[PDB]
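Student: Chain by chain, the residues:
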Amino acid sequence: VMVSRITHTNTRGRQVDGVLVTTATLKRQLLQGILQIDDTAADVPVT
Amino acid sequence: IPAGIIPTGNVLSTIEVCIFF
Amino acid sequence: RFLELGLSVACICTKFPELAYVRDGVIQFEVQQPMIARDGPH
Amino acid sequence: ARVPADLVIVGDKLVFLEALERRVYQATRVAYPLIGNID
Amino acid sequence: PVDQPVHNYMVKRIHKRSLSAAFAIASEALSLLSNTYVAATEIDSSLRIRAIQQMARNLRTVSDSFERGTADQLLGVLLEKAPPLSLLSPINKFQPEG
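Chains as they are written, first to last, in the deposited numbering: chain A, 270 to 316; chain B, 25 to 45; chain C, 81 to 122; chain D, 378 to 416; chain E, 123 to 220.
In isolation and in its complexed conformation, chain A is listed as follows:
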């Protein structure tokens, strides 16, 4: 369900769509040359 009141978005404003969880080994191994960074921070609600 697309329900939200205030959601998590990037710096630009486009809404994020999910979360992926792993250990930092695959963080660095995927970040080095496989996947592309979008930004460093994001907009997050406080409630």
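Quick caveat, the hints were computed from the structure, so don't treat them as lab data.
Even for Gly, the Cβ is constructed at its ideal location relative to N, Cα and C.
It is possible that part of the hints are untrue.
To be verified - Straight-line Cα separation of at most 25 Å, DMTMM-like style, residue types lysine to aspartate or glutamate; simulated pairs:
id, chain 1, residue 1, chain 2, residue 2
1, E, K138, C, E84
2, E, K215, D, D389
3, E, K203, D, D416
4, C, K95, C, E84
5, E, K203, E, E189
6, E, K134, D, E395
7, D, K390, A, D312
Stated by the list, open to error - Some chain E residues well away from chain C (every beta-carbon gap over 10 Å; in silico):
id, residue
8, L141
9, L169
10, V184
11, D194
12, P205
13, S211
14, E219
Unchecked claim - Interface residues of chain A toward chain D, partial, derived using beta-carbon atoms under 8 Å:
id, residue
15, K296
16, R297
17, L300
Given the coordinates of chain A, work out where chains B, C, D and E should sit on it, guided by the hints.
Tutor: Quick look at chains B, C, D and E alone, frame taken from chain A:
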């Protein structure tokens, strides 16, 4: 010594060209 | 022209009108050797 | 203050990448470290 | 009921270093110094400024030598303050609890 001068600060020395006559 | 040419960045062009009468000329440099500060007193 | 100094991203954290061999260790009679050797 | 907070208090030894450098002076420089210290109608201003300029040049060279050597000493101590990657990383990875 009474210094009273700027403390160097990357001294720009002068090139002197010498003329013989 | 010479200065607008990119090769002129390898030269320092300076006017010297009183040059045809030069017999003679010398220039001097006073480079000195920098020292590392070894801490203990010797 | 603003001082010219290179800087490079690696992993996920920003690190200075320095090869301090020019600003120091010229015309001075101390050998450069990091050149240990091996047997 | 088995959990409890735990605290760790580490204390450090401060170690000790120093500095030293050589800086020689000629007797003629001191002699022209003496008249310039009492600068008056006498004492050639051109020679006095020449001598003070040369001495200040040498003094600032030997002074900046200190900041030049500070980096040397610090890089040396960090180089002496490091284990190899090939000996730290395997324990860093292959030790879940100890």
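Student: Each hint needs a verdict: does it hold in this structure or not?
Tutor: Status of the hints after comparison with the structure:
1. E:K138 x C:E84: violated, 58 Å
2. E:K215 x D:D389: holds, 19 Å
3. E:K203 x D:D416: It holds: about 22 Å lies between the C-alpha atoms, which stays within 25 Å.
4. C:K95 x C:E84: holds, 17 Å
5. E:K203 x E:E189: holds, 21 Å
6. E:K134 x D:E395: The given pair, whose Cα atoms are some 29 Å apart, is violated under the 25 Å limit.
7. D:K390 x A:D312: Holds, at about 21 Å.
8. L141: violated, 5 Å
9. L169: For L169 of chain E, whose nearest Cβ neighbour in chain C is about 19 Å away, the distance exceeds 10 Å, so it holds.
10. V184: violated, 7 Å
11. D194: violated, 6 Å
12. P205: holds, 25 Å
13. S211: holds, 34 Å
14. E219: The claim stands: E219 of chain E keeps its Cβ more than 10 Å from every Cβ of chain C (closest is about 44 Å).
15. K296: holds, 7 Å
16. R297: holds, 5 Å
17. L300: holds, 7 Å
The earlier numbered hints that this structure contradicts are 1, 6, 8, 10 and 11.
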